[PDB]
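Student: Here is how the chains run, residue by residue.
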Amino acid sequence: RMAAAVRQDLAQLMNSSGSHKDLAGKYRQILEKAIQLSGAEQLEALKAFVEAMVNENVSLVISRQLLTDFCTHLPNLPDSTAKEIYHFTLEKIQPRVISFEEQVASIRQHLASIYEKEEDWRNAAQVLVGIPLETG
Amino acid sequence: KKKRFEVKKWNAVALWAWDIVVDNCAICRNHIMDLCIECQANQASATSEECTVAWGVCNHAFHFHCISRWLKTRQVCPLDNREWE
Amino acid sequence: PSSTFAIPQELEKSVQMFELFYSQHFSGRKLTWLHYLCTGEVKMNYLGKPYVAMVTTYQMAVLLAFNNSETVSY
Ligand SMILES: [Zn+2]
Ligand SMILES: [Zn+2]
Ligand SMILES: [Zn+2]
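Protein chains in written order, with my numbering: chain D, 1 to 136; chain E, 137 to 221; chain U, 222 to 295.
Just to be clear, a hint being listed does not mean it is correct.
[To be verified] Examples of chain U residues lying across from chain E (beta carbon under 7 Å, computed):
hint, residue
1, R250
2, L252
3, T253
4, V263
5, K264
6, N266
7, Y267
8, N288
Quick caveat, the hints were computed from the structure, so don't treat them as lab data. Even for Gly, the Cβ is constructed at its ideal location relative to N, Cα and C.
Generate the whole structure from the sequences, applying the supplied hints.
Tutor: The following block contains the structure:
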């Protein structure tokens, strides 16, 4: 329940009127907190962070770089559940996809490189072809 | 609730060009807007934005013997890499 | 002329479901973005004002730029 720790850390930043950069750093501290978690706890931390990022109280111009930062640790991180959570990720990028577009481009660079090097050539080019890159 | 500027009714955006390039059947520029010389002479159903316009098996929507013409310049037709049609 | 904008979730649904109907209809031109159809949406938001003062397109966009932050510099 560092799940819960970050959960209410962010439920009370929901209750904050902090500024652009300031509140950004608040969420960034809570991010890097969840980053430095370890395992299944860190996994549901991912879960709950992005469940945080869903709102408009979380701005789009917030979640831009907040989840950019959520992301740029992931190249460093294990591959199995990285595929897993890129899947769930993209499934939940579904709503305002253009809010996520470039970030998705990179997610799927990573993810398709996984399938490529996992030789899951099907799901590789398949789930590459999910994207409207320039057609977004 | 007296201001946070919540959602009124709103009005939106559209087009209609086409989901193709198409670039006016580049082999000449009697356009794809235009029934060109050779294909005003041939003239299938062809109009002021598709005289021939599509992502076809060619996708090089090139006029009848204008497509044949730039297949004349190369009988391997790499125009979009289908043979003149 | 058009640029970045909030585009709340229903605006997503508008472009996308229109593209449902419309990619069904036509593709290549689609639900592009065009500000000058925009006007002001500032109404019974939660206002001591009983006021609905619609504004022009980028009137709308830039007032959008200044909503919650009760003051905002350059
Ligand atoms: Zn002509
Ligand atoms: Zn043509
Ligand atoms: Zn001919």
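Student: Decide, hint by hint, whether the structure agrees.
Tutor: Hints and how they fare:
1. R250: OK, holds: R250 (chain U) within 7 Å of chain E, min 2 Å.
2. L252: Status holds, d = 6 Å.
3. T253: holds (5 Å)
4. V263: It holds, given that the least Cβ distance between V263 (chain U) and chain E is near 5 Å, below 7 Å.
5. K264: Where the cut-off is 7 Å and the nearest Cβ of chain E is about 5 Å from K264 (chain U), the hint holds.
6. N266: This interface hint holds because 4 Å falls under the 7 Å limit.
7. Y267: It holds, given that the least Cβ distance between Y267 (chain U) and chain E is near 3 Å, below 7 Å.
8. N288: holds (5 Å)
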